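In structure tokens, the next block holds one chain alone, the form solved without its partner chain.
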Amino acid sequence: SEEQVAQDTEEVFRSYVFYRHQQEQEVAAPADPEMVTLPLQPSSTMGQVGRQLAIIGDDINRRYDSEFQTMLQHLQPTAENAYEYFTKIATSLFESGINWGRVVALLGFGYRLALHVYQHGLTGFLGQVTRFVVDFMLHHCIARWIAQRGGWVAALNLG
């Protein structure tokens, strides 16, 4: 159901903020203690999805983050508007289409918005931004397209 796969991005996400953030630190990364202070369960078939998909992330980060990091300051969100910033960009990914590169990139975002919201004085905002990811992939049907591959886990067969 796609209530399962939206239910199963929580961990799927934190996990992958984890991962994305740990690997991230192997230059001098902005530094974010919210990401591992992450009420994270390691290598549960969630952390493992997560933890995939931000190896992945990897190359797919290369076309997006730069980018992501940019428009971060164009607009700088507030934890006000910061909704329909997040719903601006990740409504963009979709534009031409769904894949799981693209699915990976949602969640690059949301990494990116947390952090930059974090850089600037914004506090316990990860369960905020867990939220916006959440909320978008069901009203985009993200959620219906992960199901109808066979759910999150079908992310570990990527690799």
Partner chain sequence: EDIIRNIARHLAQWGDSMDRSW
Second form
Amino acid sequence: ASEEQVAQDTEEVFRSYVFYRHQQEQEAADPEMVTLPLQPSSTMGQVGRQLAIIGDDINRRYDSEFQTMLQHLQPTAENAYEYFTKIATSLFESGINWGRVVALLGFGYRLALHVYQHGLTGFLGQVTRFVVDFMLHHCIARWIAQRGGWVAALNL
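Let me have the form solved in complex with its partner chain next, following on from the form solved without its partner chain.
Chain alone follows, minus partners and molecules.
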């Protein structure tokens, strides 16, 4: 039950994170990333917004490099799940921390943006499911639940 609430919250955090990462890239375009569906009075918009802000220093440094490796990987609708799963599994093989959780959100954002830029529309909800389902089945949602939920990310 605790994990399922974290999974529901993860969908909101990821959609908010995407919205705010895209908006700050625009203020520093993917029309699929300009909508922010949230439940009433949700705190997860603030969580995603703060995570997009606090990772900006590192992300702005490496965005070009990450985009370049994605160009090399050439993800498509047919292989994106396999590649997402392998990369995310490796990311957490040696452990979980809040930084790596944010890196996973950033990977989902950059993957979604990359496929859209290469012509694959309608895929943002697919990547959202990949992120939520990975966290649920690979013990990340449990780790977050043990720290008090995603609201613990507001202290970062």
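In this text, the rigid core denotes the largest set of C-alpha atoms whose superposition between the two forms falls within 1.5 Å. Numbering follows the first chain given and starts at 1.
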item	value
After fitting the core, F68 CA displacement of 2 Å or more between the two forms	yes
Core-superposed comparison between the two forms, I98 Cα displacement 2 Å or beyond	no
C-alpha of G127 moved at least 2 Å between the two forms on rigid core	no
